[PDB]
Amino acid sequence: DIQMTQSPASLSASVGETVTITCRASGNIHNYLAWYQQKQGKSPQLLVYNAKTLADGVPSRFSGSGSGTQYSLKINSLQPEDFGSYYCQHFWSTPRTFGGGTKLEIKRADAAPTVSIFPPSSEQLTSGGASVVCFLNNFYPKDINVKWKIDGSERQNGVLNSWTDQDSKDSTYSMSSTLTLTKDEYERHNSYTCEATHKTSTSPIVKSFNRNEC
Amino acid sequence: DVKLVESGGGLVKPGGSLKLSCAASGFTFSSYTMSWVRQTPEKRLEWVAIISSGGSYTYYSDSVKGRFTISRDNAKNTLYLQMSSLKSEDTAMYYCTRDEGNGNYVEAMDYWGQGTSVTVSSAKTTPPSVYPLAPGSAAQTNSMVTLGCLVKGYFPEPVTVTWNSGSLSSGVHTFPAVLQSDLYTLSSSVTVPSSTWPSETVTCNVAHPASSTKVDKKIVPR
Amino acid sequence: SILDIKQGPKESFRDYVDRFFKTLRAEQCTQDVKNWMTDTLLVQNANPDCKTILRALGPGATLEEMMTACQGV
Numbered sequence: 001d002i003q004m005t006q007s008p009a010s011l012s013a014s015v016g017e018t019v020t021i022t023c024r025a026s027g028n029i030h031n032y033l034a035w036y037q038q039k040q041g042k043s044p045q046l047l048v049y050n051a052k053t054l055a056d057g058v059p060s061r062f063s064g065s066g067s068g069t070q071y072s073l074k075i076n077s078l079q080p081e082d083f084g085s086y087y088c089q090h091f092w093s094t095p096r097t098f099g100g101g102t103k104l105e106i107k108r109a110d111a112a113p114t115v116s117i118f119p120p121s122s123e124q125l126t127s128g129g130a131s132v133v134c135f136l137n138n139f140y141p142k143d144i145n146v147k148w149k150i151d152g153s154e155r156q157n158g159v160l161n162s163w164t165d166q167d168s169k170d171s172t173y174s175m176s177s178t179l180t181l182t183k184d185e186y187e188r189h190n191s192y193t194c195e196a197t198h199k200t201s202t203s204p205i206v207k208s209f210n211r212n213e214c
Numbered sequence: 001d002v003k004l005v006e007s008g009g010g011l012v013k014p015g016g017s018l019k020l021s022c023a024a025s026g027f028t029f030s031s032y033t034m035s036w037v038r039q040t041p042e043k044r045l046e047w048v049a050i051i052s053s054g055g056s057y058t059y060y061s062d063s064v065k066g067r068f069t070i071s072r073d074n075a076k077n078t079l080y081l082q083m084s085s086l087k088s089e090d091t092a093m094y095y096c097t098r099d100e101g102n103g104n105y106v107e108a109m110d111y112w113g114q115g116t117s118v119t120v121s122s123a124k125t126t127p128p129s130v131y132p133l134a135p136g137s138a139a140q141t142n143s144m145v146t147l148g149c150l151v152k153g154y155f156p157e158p159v160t161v162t163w164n165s166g167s168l169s170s171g172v173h174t175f176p177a178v179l180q181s182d183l184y185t186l187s188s189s190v191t192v193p194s195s196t197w198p199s200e201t202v203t204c205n206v207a208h209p210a211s212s213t214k215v216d217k218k219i220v221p222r
Numbered sequence: 149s150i151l152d153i154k155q156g157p158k159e160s161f162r163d164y165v166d167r168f169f170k171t172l173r174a175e176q177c178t179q180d181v182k183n184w185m186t187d188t189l190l191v192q193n194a195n196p197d198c199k200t201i202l203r204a205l206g207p208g209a210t211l212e213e214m215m216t217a218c219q220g221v
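Quick note, the sequences are listed as chains L, H and C, same order.
Each residue of the first sequence is one higher than the one before, counting from 1 in the authors' numbering.
Each residue of the second sequence is one higher than the one before, counting from 1 in the authors' numbering.
Each residue of the third sequence is one higher than the one before, counting from 149 in the authors' numbering.
This is chain L alone, in the form it adopts within the complex:
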C-alpha cells in the first residue's frame, strides 16, 4: 500500500493571488501522481498527471512539481473558476489511493450576517413538536458562534445547525439553526432569543421574540 496525505485541509485566497497545495506519500512514487479538480456539486476532473504534465485544456497558470515522496500543486494568479476542491492520487502501487483533499475558497471584505428568528407554525404545534429557527444569512469569515437563550439564560440542549457552501454569486456563507422542543416545553416560556457572535463586531447580533404578541 501507499498512502497520500494532503494539506492544507482548506485554505482561502483572493482572485489574483498564488497558492500551493502539497501532497505526501507513504512510499516513493517516481512521479506517478495525478491531481483532480472538483467544483461544487460537479464530479472530479483530471487536471494534472505525472506530477508535472497538465491535462488538455487546462490553462497554463497551473504547475505541478515534486519528486520521490513530496509533490505539490501551484496556481498562479487565481481566477474565480479555480475555487473548489483538489485531490491528488498516486499510480505507483496497486490501490491507487487519494489525498484527503484541499478545499479552496474565495476571500472578500467581511460581511455581518442577517439574523432572522422564527417561531413555530401552528401546524407544527398541532403535531406535538415545536421548533424555533434562526437564519444567520450571508456573512464573511465562515465562523460564528450561535447562542440560544430561553427566557434569559442559555440552553444548549436541542440545538441543530446547518451551514451553506460558499455562495457562488457573492462568496458568503449562511447558517440555519434549529432549537427543537415538545409543544409542551415550548408553551412554557416567554423570551426566545438568538445570539450571533461574529468577527464583524464585538457585541453580538441579538434577535428575539415573546410568545405573547398577537
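Do not take every clue at face value.
Some chain C residues judged to face chain H by a derived CB distance under 8 Å, without partners named [said to hold, decoys possible]:
hint	residue
1	174
2	197
3	200
4	217
5	218
6	220
By construction, these hints were calculated from the structure, which means they are not laboratory data.
We put the beta carbon where it would ideally sit given N, CA and C, even for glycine.
For this one, chain L is given, so just place chains H and C on it according to the hints.
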C-alpha cells in the same frame, strides 16, 4: 465527445444488494481499462474496483473485496458494479471512471461519470412535513424581509425546495439537511422587499420524489 | 525455448509464470541476461487481455499481486 453515465443508485438496507451500471458513449469501450470510484458523505474519494478491457480480469480494494463484483458487457458498451452485503459505511456517490490510453502504465483516470448516489441504511422511507416560517408580530421594518419554510422528518434524501415555482431563485438559501435520529430536517429561506410581502403571495414547493410528495405552502402572516 | 512460452487465453497467470521460469532455468546465459529477458518477455507475452489489467496495476505491483489480478473469475 466522451461520456460516462451511471445509474441505479438508491436506498438499500444493511446486508442488501444493488447493481450500479454505467453506459459509455464516445470512444471504443473495449479498448480501455475501467474503474468504479466512490465519494463519501465526507468527500474522501476511495477507489474500489478495476477491470480488464477484455473483461475476464478484475481487481478490488480490500475495503470491498469479496463483497463487490465488477463486470462489463462490451457489446452493450456498459460497465457494471454488483454490490452485496451492504455496510452503512458503503453510503457514497459511486463514480464510473476511465483509465487513460497512453502511458505504459495507467497514468491517470482520464474521465469520470457524474455519479449515482447509494445510501445504505435501515431507516424507513418517510414523507416530510412542511411548516411555514412567517416572521410573527414584531421586527420587519427593513426594505428586504426574510421568510422561510421548514421541511421536517423525511427519509431518504433528497428533497427539492423551490420558491414560487422557481421564479424566485436568487435570494434563496436552502440549507443542507440534518439527520435527527432516523429522520431528516431541512429549512430554506427567501428574502423579498417587504413592501411586496403579504400582498404578494410567496409559496414554497417541496418535492420528495422518494415518497411521491409534492407540497406547497402559502406563507400567511400572524 | 523461451520465446515459445506465451500465456494461453484461459491459462491463469500463475501457471504461465511456472512455465516461464522453468524454461528460463533451462536456457544458458548470464543471470544478468536472463533477468533482462524476464523484463522484456514475461509481461509482454501474457494473454492480450491480461496485460490490460497488468497495465493498470501500476509499475509498483508485485508478482504476487499480478498473479492475483490475472487468475480467472
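Results for each hint:
1. Below 8 Å, beta-carbon pairs count as interface contacts, and residue 174 of chain C has none with chain H, the closest being about 29 Å; its hint is therefore violated.
2. Proximity of residue 197 of chain C to chain H holds as hinted, the smallest CB-CB distance being about 3 Å (cut-off 8 Å).
3. This hint holds: residue 200 of chain C has a C-beta 4 Å from the nearest C-beta of chain H, less than the 8 Å allowed.
4. Given hint, residue 217 of chain C at the interface with chain H, holds; its Cβ is 5 Å from that chain's nearest Cβ, closer than 8 Å.
5. This hint holds: residue 218 of chain C has a C-beta 6 Å from the nearest C-beta of chain H, less than the 8 Å allowed.
6. For the restraint placing residue 220 of chain C at the interface with chain H, the shortest Cβ-Cβ distance is roughly 7 Å, inside the 8 Å limit, so the hint holds.
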